[PDB]
Amino acid sequence: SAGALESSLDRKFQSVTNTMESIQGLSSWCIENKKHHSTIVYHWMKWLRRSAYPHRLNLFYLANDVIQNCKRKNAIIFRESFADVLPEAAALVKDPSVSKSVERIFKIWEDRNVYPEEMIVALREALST
Amino acid sequence: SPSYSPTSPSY
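Protein chains in written order, with full-length UniProt numbering: chain U, 19 to 147; chain Z, 1612 to 1622.
The shape of chain Z in the complex, shown without the other chains:
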């Protein structure tokens, strides 16, 4: 259940 890093997705 690895929690993600908000900056990982691009914008």
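Chain U extracted, bound-state conformation:
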């Protein structure tokens, strides 16, 4: 019954499109949903297979923005739940036509040290070969 409340996340994530108008607005509000950061990754992930190649690339930006909206490494715990399927989600973007753009967010996580290299090995498996 109460589990229907989680649909407040999945219906809005499915409504997202390739624009900062939809990304920055929902990623800012998603930080107030930190009370369920464990399931938010499950909603956003299953929309990648639903979406087109350029569209699922845009949905992948949401995860990167939500990690960085929690910000300042004060806890940044959103990164830990995204790490559960971070490479598995990248398996939906093996096409070099999109892998080149998903490397944009993975490049930032690598330079911003948002993840240990041991995790990035799975990111580069899923984006490269």
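Quick caveat, the hints were computed from the structure, so don't treat them as lab data. Think of the CB as a built atom: it goes at the ideal place given N, C-alpha and C, for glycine as much as any other residue. Careful: at least some of the hints might be erroneous.
[To be verified] Covered, in the sense of this in silico footprint (three residues per stretch, anywhere, with C-beta under 8 angstroms from a C-beta of chain Z), are these stretches of chain U: (1) 33-40; (2) 78-84; (3) 125-139.
Put chain Z on the given structure of chain U with help from the hints.
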């Protein structure tokens, strides 16, 4: 529908 730049948000 301006698409954003991943480095724009701070961390």
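Verification of the supplied hints:
1. 33-40: Check passed, 5 qualifying residues.
2. 78-84: holds (count 3)
3. 125-139: Coverage by chain Z holds here, the residue count being 3 at a Cβ distance below 8 angstroms.
Checked against the numbered hints above, the structure breaks none of them.
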